[PDB]
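Assemble the complex: chain G is given as a structure, and chain V must be docked to it using the hints.
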Amino acid sequence: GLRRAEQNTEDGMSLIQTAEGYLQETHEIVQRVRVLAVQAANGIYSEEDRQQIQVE
Amino acid sequence: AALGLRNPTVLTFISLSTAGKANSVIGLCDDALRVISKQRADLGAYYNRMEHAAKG
Numbered sequence: 058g059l060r061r062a063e064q065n066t067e068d069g070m071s072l073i074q075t076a077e078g079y080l081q082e083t084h085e086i087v088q089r090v091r092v093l094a095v096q097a098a099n100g101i102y103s104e105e106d107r108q109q110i111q112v113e
Numbered sequence: 171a172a173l174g175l176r177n178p179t180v181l182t183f184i185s186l187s188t189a190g191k192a193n194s195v196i197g198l199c200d201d202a203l204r205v206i207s208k209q210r211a212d213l214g215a216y217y218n219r220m221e222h223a224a225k226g
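Residue numbers (the entry's author numbering), protein chains in the order written: chain G, 58 to 113; chain V, 171 to 226.
One chain only, chain V, in its complex shape:
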């Protein structure tokens, strides 16, 4: 739901049965990976944060 692959309310997900929808999914994947990469950059900050806290 938070990625954009499936509709959170309608409970249906993206189909690739046609060529036109595929190039629209390309943008979603860039957004979905943008969502994931941001969170991992968050956790990477958390992971680095503890080491600075732990060493002191």
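One chain only, chain G, in its complex shape:
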């Protein structure tokens, strides 16, 4: 059982590390929209530009 118990903790480490691999992806996307936002708060953009920005 202890040999079996060791493997599951290893498999459990895989699943935990797997999910955090996706969480890294989303944070890169969320921070891109965040930096995309602060450019859209600028005052020299026409309506088409902020509409084009919205599409991405």
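Derived from the structure by calculation, the hints contain no laboratory data. Hints may contain errors.
Quick list of simulated restraints, FRET-style, between CB atoms [stated by the list, open to error]:
| hint | chain 1 | residue 1 | chain 2 | residue 2 | range |
| --- | --- | --- | --- | --- | --- |
| 1 | V | 182 | G | 85 | 46 to 54 Å |
| 2 | G | 99 | V | 217 | 28 to 36 Å |
| 3 | G | 73 | V | 223 | 37 to 45 Å |
| 4 | V | 220 | G | 108 | 21 to 29 Å |
| 5 | G | 59 | V | 214 | 17 to 25 Å |
| 6 | V | 173 | G | 70 | 54 to 62 Å |
Built from N, CA and C at the ideal position, the CB exists for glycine as well.
For chain V alone, coordinates are given in the frame of chain G:
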């Protein structure tokens, strides 16, 4: 046709033989480039989209 340079049905395109029509073409070009810029902003979103998908 989708740009506005040529009539899709009549199959004739804009002429610049007179001064008055030229300032009307100025607006079309702003619209035509608005059409193109929007699509490239679409494809730029597609181009960025895959990289976020690929990395994960």
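Hints, one by one, checked against the model:
1. 182/V x 85/G: 46 to 54 Å: About 50 Å separates the Cβ atoms of residue 182/V and residue 85/G, which means 46 to 54 Å holds.
2. 99/G x 217/V: 28 to 36 Å: violated, 23 Å
3. 73/G x 223/V: 37 to 45 Å: Violated, at about 22 Å.
4. 220/V x 108/G: 21 to 29 Å: holds, 23 Å
5. 59/G x 214/V: 17 to 25 Å: violated, 55 Å
6. 173/V x 70/G: 54 to 62 Å: holds, 57 Å
Violated hints, listed in ascending order, are 2, 3, 5; each of the other numbered hints is respected by the structure.
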